[PDB]
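Certain chains of the assembly are absent from this excerpt, and the rest are unmoved.
Chain lettering (A and B) follows the sequence in which the chains are written, and residue indices restart at 1 in each chain.
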């Protein structure tokens, strides 16, 4: 079906964007680079899961992401408004990765609502967007960059 | 719910609604512009300020797209009506750059320095957003000025790409048949 190819291509697109983003880390040894590579592998797993009456998609990564998300929010100031995308090359590419990921979630949702894919796949992509947002904020913080908010 | 989410007026729709594709593509555009902006190394450039104003305006179109006219109460009025001011700004800025650029006579390929390339990418993403917003406008659900703004933003990003290539002294590649 053409819906499935669209889901798999958009998940591929997400993974490739994360790959480019990762190439933006200058110093090695950053734990979130390890996390982004684990996410790339999980993304290959959701791409396999989408091609099938639907295959079982392990719920493990969902908890992993949630744990990482709590880890980074614990170090961040409370955010209460919309931020403009910025805050270092890493943070910007991660916000682009975030938006691409939400496009992927929209491409997967019809398949889940039709019974052709495990709901855990959409749940994983939904939480992956929140992880991408919180991580962008954390990278901007660790570089000492503004985090510009607009309101009016 | 999972698979579902809400509009600013309280309508709960499945995550693949026209409005969610619209606001998400508006988000993708704002973020592409964000990376492009992180590519200006030298500070004080006025077009950095312009791209940031555009990011704000885009957050405003995001609110407009998330408030359908068919469900907009009175309190929501200030979001359904999208004043045309930002559009005029774009027109003015384009005129500003056009007086500084050589006359354009051929098809340009995306090129001309990292900023210029990033802006051509942003333009393509902008036109995708325009395609995702037009269905809402032609249905009566979002102010036409939003599509008008995105349509002019495509031309702004194009002339800005050209200006950046000029100021870096990089020469755009021209389309060549065969």
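To be clear about the criterion, a residue touches a chain if its C-beta (ideal position, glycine included) is under 8 Å from a C-beta of that chain, and two chains touch if they have at least 3 such contacts.
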| item | value |
| --- | --- |
| Subunit number of the complete homomer, 2 shown here | 3 |
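Keep this in mind: only the chains that are shown with their structure count from here on.
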| item | value |
| --- | --- |
| Contacting residues of subunit B [partner subunit A, same complex] | 2-3, 14-16, 20-21, 24-25, 27-28, 30-35, 37-39, 52, 55-56, 59 |
| Touch list for subunit A against partner subunit B, complex | 82, 84-86, 88-89, 92-93, 95-96, 98-100, 102-103, 105-107, 109-110, 112-113, 119, 122-123, 126, 148, 150 |
